[PDB]
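Colleague: The residues making up each chain are set out below.
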Amino acid sequence: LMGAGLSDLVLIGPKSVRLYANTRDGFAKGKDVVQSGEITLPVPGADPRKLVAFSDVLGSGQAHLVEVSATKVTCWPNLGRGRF
Amino acid sequence: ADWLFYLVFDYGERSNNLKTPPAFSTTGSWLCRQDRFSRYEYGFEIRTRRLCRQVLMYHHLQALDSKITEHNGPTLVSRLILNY
Amino acid sequence: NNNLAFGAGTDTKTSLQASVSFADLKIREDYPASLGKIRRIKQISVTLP
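Chains as they are written, first to last, in the entry's author numbering: chain A, 506 to 589; chain B, 254 to 337; chain C, 2372 to 2420.
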C-alpha cells in the first residue's frame, strides 16, 4: 500500500485502514488512515457471495482493492499509504 | 509572432488525410483513445485518454523570407502520419 | 410474518426487525416423509454479511 514493492501489513475496515509500513527490517509504527468523502471499502471475508482481493485491474502497477460479484466488478484505486 | 519555427503535436485535432495539408491554427476537439489508462504512483490519478496522431512542422515563412505580407499563419513544411 | 418493520416496544421503536415464517422456508420438503416426521431444530447460527 506504500507503493514501495514491499508487502505492508494492513487491516481493512469499511471507513479506515490500519497500515504498518514495511521498512525492510521490521515494520513502521501503525497509522490509521481515514478514507475520504463517503468512500466505503469492502472488507475481505465479510460476504460469501463476493470476492474481495488486492489485485491490479487497472494496469497501473499497483494492487487495487477489488470487489467481484455476480453483477459487477468494483475497483477502489490505491493512492498510496492506505488511501483509496 | 516571435518564433521562426514550430513543432506541433496533433492529438486528432485536425485532418491528417492526403488531400490537403493541416493548418497551423485549427479548432475542434481531439480524439479519445479506447485504451485509456491511469497511473497512481504520485498519490493521485493521472489519466491518459488521447494519443498523438500526427506530428507536423511549420515555418514562419513571413519572418524568414523577403517580400512576404499577410501573416496568414505558419506554413507546413512537412508532417508525419501515425496510424494505430 | 414475512416482513421488515420497526418495532413497537417502548425502547425498541428504533430497532429494525426482520421476520420470517418457518412454514415458508419449506425445510420439510427437502427430505422425503418416509425418513421421519419429527423434524426439529437443534441449533441456529447467524451470518450477517
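Worth flagging that the hints you see were computed from the coordinates, not collected in a lab.
For each residue, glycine too, the CB sits at the ideal point set by N, CA and C.
Just so you know, not all the hints are guaranteed correct.
What the hints assert, rightly or not - Below, a sample of chain B positions facing chain A; criterion: calculated Cβ distance under 7 Å:
{"id": "1", "residue": "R292"}
{"id": "2", "residue": "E294"}
{"id": "3", "residue": "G296"}
Colleague: For every hint, state whether the structure bears it out.
Modeller: Structure-based check of all given hints:
no.	hint	in the structure
1	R292	holds (5 Å)
2	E294	holds (6 Å)
3	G296	holds (5 Å)
Hint violations for this structure: none, all hints satisfied.
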